[PDB]
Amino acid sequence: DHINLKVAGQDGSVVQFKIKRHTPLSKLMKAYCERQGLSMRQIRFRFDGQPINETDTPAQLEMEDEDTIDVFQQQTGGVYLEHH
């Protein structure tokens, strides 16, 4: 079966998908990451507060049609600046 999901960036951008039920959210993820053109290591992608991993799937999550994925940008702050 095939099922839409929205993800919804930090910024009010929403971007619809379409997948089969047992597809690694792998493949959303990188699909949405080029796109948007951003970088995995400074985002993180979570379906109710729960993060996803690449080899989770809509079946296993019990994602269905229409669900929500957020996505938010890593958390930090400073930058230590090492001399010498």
Contents of the next structure:
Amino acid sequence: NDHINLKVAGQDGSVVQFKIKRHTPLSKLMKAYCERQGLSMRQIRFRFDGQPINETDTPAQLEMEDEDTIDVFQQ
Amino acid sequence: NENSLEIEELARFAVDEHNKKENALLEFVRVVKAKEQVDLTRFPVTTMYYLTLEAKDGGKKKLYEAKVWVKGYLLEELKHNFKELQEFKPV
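Complement to the form solved without the partner chain: the form deposited with the partner chain bound:
Following is the full complex, with the preceding chain placed first.
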């Protein structure tokens, strides 16, 4: 039950969903999204509810819910 | 999302596999919708693709839902990844 499904929505209109553990640091998700897409990480920014996401932040700490969306765009 | 060429490739795959397994002759037309779900909680990391595609069944255009499973999550590996059609049905 410690699993959560998050939508990662890019500026290009793409959406990729991720199943992750709620106490896993979100850096794993962010790194997976960049690797999958072929993106360089230095460029892009992840936002949740308009705010930035620390690499160490976890879904539990941010009170994320199943099917919430993470926005991603480049600087 | 649904008009990317990797999605089109998996859609054709789903249609081709469905045609072999069922001895059918559906003809691929287009993808109308595609959800991509990467599962990071388990090994091996896998992706599930839920495809809504349009295919000709004897001149009639119909809508189908397919589930395609992939043993991989990097797009750069997708062409050579192991894949399975796990579900194909009219929506």
